[PDB]
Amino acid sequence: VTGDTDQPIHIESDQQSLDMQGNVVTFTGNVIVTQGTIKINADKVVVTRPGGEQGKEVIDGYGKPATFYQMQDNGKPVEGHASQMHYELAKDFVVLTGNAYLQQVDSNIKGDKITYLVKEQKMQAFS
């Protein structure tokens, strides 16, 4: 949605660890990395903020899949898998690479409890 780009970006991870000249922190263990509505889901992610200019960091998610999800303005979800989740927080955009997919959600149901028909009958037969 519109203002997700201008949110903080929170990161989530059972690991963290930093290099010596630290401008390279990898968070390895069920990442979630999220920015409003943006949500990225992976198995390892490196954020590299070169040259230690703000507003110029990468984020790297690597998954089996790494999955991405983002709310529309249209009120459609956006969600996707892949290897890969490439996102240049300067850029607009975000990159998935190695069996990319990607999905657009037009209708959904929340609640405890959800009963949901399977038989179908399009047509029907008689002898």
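Numbering follows the first chain given and starts at 1. C-alpha atoms forming the largest set that superposes within 1.5 Å between two forms make up the rigid core. First, how it differs from the form deposited in another entry.
- Residue 17 is not among the residues whose C-alpha shifts by 2 Å or more between these two forms once the rigid core is aligned; its shift stays under 2 Å.
- Put the two forms on the same core and the Cα of residue 106 is off by less than 2 Å between these two forms.
- If you fit the rigid core between these two forms, you'll see the Cα of residue 120 move by 2 angstroms or more.
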Contents of the next structure:
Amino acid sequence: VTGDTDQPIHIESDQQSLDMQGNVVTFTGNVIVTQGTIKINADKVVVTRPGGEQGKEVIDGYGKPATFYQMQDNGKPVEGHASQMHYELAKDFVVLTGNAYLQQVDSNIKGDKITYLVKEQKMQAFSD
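Form deposited in another entry structure, per the form deposited in one PDB entry context:
Only a single chain is listed, so you will not see partners or other molecules.
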């Protein structure tokens, strides 16, 4: 949605490593990256800040597959998956690589129980 790329980025994982040379942090274990409605899931996430220059951070997610979600202004979520997510914050786009897939959802529903017909239904009509 509008404003998503102005939000703080939260990255949660089971384990985190700090490269003692600075500017690289690695997350492993059910990593979730959130920025507004943006959500990336991955097994490992590498955050780099080249030269300590904030605003030029790069977030790389790796998974089998990693997954991507965002809500759009028009109400339809966008969902994707790939072996790797590459998000340069300076560029405002995400690159999915490796068996990459992206889709847009136009309808959904939740319940404790949902029935769904797996055979198509035929026109019901009759004359006198």
